[PDB]
Each structure stands twice: as C-alpha cells, then as structure tokens.
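As structure tokens, one chain now follows by itself in the form deposited without its partner chain.
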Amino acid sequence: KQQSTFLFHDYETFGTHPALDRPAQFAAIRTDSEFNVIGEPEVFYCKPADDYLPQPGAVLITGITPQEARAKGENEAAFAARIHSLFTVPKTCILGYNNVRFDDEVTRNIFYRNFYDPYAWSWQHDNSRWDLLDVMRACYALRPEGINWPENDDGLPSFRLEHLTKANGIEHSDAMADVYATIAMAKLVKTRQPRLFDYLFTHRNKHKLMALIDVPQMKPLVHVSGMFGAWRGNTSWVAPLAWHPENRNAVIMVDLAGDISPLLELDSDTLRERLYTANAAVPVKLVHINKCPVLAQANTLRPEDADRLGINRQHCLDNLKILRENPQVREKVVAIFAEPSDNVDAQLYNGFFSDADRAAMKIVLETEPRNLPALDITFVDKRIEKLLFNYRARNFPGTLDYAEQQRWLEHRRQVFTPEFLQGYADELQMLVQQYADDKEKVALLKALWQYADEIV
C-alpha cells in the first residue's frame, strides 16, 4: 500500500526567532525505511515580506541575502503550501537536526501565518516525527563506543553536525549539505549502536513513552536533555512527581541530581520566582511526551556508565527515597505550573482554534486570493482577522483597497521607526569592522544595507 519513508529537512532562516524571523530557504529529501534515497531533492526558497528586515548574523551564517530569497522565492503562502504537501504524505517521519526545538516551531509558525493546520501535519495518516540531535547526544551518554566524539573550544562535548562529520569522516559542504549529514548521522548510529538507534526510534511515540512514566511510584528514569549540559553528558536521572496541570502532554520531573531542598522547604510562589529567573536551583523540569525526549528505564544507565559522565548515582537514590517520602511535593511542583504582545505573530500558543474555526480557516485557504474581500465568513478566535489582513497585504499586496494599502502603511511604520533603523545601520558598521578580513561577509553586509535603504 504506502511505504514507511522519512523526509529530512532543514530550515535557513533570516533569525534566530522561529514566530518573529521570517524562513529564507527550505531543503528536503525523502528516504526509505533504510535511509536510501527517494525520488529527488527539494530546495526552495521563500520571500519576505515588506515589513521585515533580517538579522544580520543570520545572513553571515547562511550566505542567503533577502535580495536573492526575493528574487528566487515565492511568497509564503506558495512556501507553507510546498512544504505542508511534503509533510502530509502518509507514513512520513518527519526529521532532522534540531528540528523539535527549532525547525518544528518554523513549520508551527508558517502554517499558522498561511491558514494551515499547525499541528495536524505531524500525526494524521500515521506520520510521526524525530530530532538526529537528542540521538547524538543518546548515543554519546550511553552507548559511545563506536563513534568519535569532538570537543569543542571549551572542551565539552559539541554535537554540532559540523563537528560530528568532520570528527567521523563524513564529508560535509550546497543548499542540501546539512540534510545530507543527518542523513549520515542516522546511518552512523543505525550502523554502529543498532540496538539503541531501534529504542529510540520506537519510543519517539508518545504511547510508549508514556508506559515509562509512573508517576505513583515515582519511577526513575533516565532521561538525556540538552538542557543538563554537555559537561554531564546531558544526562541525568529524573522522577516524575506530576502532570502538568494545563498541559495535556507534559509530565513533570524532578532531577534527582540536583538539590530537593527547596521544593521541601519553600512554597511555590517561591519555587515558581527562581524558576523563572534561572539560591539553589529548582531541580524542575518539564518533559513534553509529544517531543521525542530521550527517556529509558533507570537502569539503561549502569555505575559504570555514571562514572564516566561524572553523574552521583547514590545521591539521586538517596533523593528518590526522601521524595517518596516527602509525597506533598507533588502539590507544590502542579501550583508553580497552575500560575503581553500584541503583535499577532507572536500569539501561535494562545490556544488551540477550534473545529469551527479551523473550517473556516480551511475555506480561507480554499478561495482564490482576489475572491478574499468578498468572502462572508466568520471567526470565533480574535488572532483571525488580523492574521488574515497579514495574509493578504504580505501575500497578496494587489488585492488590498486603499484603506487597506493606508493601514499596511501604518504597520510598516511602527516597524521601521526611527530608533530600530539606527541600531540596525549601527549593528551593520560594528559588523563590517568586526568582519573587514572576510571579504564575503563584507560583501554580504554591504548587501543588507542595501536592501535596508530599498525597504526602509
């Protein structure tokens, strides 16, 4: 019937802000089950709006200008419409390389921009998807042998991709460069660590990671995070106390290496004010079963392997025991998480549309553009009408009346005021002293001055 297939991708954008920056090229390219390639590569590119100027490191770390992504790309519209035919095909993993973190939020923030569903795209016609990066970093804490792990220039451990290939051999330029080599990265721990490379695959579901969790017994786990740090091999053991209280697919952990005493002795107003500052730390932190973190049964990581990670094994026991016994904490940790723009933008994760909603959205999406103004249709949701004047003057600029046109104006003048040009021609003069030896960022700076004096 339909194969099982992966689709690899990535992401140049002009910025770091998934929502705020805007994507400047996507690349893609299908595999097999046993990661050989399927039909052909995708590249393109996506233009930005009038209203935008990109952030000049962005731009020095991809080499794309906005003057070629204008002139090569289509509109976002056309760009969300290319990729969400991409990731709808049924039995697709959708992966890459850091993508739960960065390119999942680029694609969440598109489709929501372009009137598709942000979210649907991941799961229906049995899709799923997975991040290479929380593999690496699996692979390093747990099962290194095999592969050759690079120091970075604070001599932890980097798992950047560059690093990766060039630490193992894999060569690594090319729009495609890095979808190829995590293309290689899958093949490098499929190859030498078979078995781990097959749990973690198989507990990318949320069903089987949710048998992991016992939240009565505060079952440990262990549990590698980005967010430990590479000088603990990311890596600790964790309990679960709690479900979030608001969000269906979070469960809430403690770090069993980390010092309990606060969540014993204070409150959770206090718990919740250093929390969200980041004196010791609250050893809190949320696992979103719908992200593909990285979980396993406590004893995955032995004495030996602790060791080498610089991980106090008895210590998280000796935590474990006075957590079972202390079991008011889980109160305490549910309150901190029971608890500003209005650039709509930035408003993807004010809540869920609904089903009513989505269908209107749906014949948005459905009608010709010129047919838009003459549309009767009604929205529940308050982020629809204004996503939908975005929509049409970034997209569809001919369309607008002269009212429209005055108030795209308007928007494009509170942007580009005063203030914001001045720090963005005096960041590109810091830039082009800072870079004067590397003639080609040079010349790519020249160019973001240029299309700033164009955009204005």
Contents of the next structure:
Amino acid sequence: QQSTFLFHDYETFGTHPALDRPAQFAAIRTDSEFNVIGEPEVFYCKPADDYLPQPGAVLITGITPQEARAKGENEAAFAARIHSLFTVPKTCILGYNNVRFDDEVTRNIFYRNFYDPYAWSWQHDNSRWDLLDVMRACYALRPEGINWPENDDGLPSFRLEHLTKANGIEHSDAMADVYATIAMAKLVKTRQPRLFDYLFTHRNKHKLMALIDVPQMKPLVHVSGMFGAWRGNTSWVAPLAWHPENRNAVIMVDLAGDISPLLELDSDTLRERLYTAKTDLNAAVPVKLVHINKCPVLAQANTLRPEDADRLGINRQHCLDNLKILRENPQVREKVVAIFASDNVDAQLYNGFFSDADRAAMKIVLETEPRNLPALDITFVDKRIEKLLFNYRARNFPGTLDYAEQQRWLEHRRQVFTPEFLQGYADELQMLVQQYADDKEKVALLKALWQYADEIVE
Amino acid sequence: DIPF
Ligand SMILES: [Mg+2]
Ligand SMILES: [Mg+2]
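Can you return the structure of this protein in the form deposited with its partner chain bound rather than the form deposited without its partner chain?
Time for the whole complex; same chain goes first.
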C-alpha cells in the first residue's frame, strides 16, 4: 500500500458549509512527489427542492442550479462518491483553504447523509492538510526563491491566481484550481524542501502536542490568518493553559500584543472584551485558541530568526518582554481558563458526538435501500437522527414518502419559502441585474437564477 | 538546533 495525496475542491451555492449546498466536487490523486496518478474526478450535486442558492455564489462559480440538477446526482450519491475517494487507505486529503471551508462542507455532507463526519480524515493513515497555511508559512518564515505577489493595498496575496502568475505557472474548467494547488505544492517542495517536510510532518496532532509545554510556557512561532497579512500572518505565541472543554484546543497568548489587560482586568471583563473586538479603543486581548486538530502552523520559537522578524515588522524585543512578565505571573493562567470555562438540524453537527450504538445504527440506515427505509425497526438515542432521517428521505428519495410525510415536506418547504423570503430573493436578483448591468455573463446567470426560483417555489 |  502506497501513500497518496488527494487534491480536491468544492464549488458550493453559498458561504455556509452547513445551510448552503454543494454544487460541484473536483479531485485528482497524486503520488508522494505530486505526479498525477489517476484521472480527474469531477461531478455535480443535485440540490434538493427546499433550497435556493445564494446569488453571490452562482456569480462566482458560474454554475446555475439548473446545470447542477441536470448533470448531478442526489446528495446521497454525491456523498457516496466523495466518501470512496476519501477513504482509500494512506490518503492525505488536501486543498486550498480546505481546513476552514471544504472540510466543513465535507463533514456536513457526511452528517446529512449518514457517514461518519470524521473517520475519513484519520482512519487507515489518512490525514488532512491545507496548502494555504503552507504558502503563508513559506512567505513568513522562508520566502526566498519564490515570488510573493502583493495586492493593490501593499500586503501579500495568497490567492491562487496571483501566486501561479507571479511564478510563471499557467493557470487556466473545474480542474483549474486543483492543478494550481498541485503546482504550488511542487513549488514550495522544490524551493523550500525542509520547511515543506517539517510542516507535512506536523499536520499530525501528536507531533503538535509535543511542541506544547504549558507549565514552562515554551514560546512558539505561529502562522495564522487571524494574525493578518500586515504581519505576514505571524507572531510568537506562548501556551498558558489547555481549553477546559475542548480537548484539542490550547489557549495561546499573542506575545506581540498588549498583555496589560491580562494582569489588570478580571475574567468576565476579558470574556466580552475578547468577544466584542474593534469597538473599544481598551487594548485588544492578546489571546487565541490553537486547535491541534486543525493543521495549525507551529514551530519552536527560534525558527523565526531575528532577521526574519525584521522582515515582517515584528518587534522581537517587545515579545521577549511580554514572555518574561507572563512567566512570573501564573495567576493569568487560571484567569484565561475562566474566559472559556438553533432549531435547524442541518446546523447541529456540533451538538455532541454520536455514541457507538448511535453510529452503528446510522450504519444500517446507509446499508438499507431507500425503498425499505419506511419499513425499518431500529431505535435511536441521539435526538438529531430522526430529523436527519426524514430530511434525508424527503430530499433524496421523495418517491418513498407516505401521505403524512409528503404533507410534512410541504409544510417544511412553505416554512422556508415564505412571501417575505421570495420577494426578497426576487428583489435581490433584480438589484444585482442593475449592479452588474455592464457584466453580461452575470446578468444572464442572475436571470437564470430567477427562472429557477420561478419553477421550484410557486 | 533547527528543523528548517
Ligand atoms: Mg476552494
Ligand atoms: Mg531568513
């Protein structure tokens, strides 16, 4: 059995990985050096009839709901195909911004269609990775040898099209984003192999865990989009405490920040001071969760060299200052712990995990042909599952609904498709037409979206 | 000692 990377990307009908629906999935499999070792996997998901797409997304993706309905398969089958691809042993599943987006879509698709929302990402030596944090780390820590493009504002751009172009790489098609992601992996691996291999090694949570010494507050380099392009997404952090609820979250302090509010203020204050940000100027609370299960970029503090800090405008001396004050102040530790100490089922993935029995029973749901779902005797403990099961049957297999179920589906469709909603949606499209009068392909997409609301709703 |  051989190690493979599976590059993949979704187009969806909206920004919400749970309330919005998938439109297209695209993937290619690769060997460990990024040679293509399979055929392009590209396919559509038919949206169910209880859903209208976000106009803005269709304008981006160029994919009407009409095209996805005509060329696609119901979400059950869509889930199936992805599931196979993802569950081939020794696969590293990766993409571009996939951790904060595509993986959330994947989990919701699996959750809605009775697959384990997680197992695919760690079973049989599967893992996940996200090449966006790699590009960011590369820029932050070891930029030399690659061209780093700046947007109109003057800050670094990690949009795939700028990156490829800045580096003489043809960027043309569902497959285009995927090929660009591969080309970027190649580039970083060639120009900067030791960093690339280090990050790859540290996608794993136990290797990350090894970096974290809380009693001693070992400072680390951290590269996160939360830190902002204006410091190349980088700071020195120190771990203060483990999250008291999330077993995979550790509470870090941002050492370049202002640690005065940590010492001076109490826990209640800090809780909403951290929550309601950028309204009070009242220094920011320099504190962020790092989730060892979300491929965070972490490295021993001295991999960010003095000269590297100068490059990014990071004040090395201020950081070392804040660390020394912290260490000699362990009442901040119990303080930060204290800070952390919807009726729609589609949005309830994160209401807990399903027990062994719960999850074995959803397994039978899967094994059962749609036609025999009504005739099914099994019990459920977790209260979500009935809800998922009705929605799963109505959305994918409307033919199998009995009289009282067809009625229930209707009331559900009427519930979403209110006079308020439909008039808004119609008016949205009509304004977008005006806004984009100059952009003819959009006018046409917008109009097509109108044709679709016409048929599916009234 | 450094990794990269
Ligand atoms: Mg994407
Ligand atoms: Mg350097």
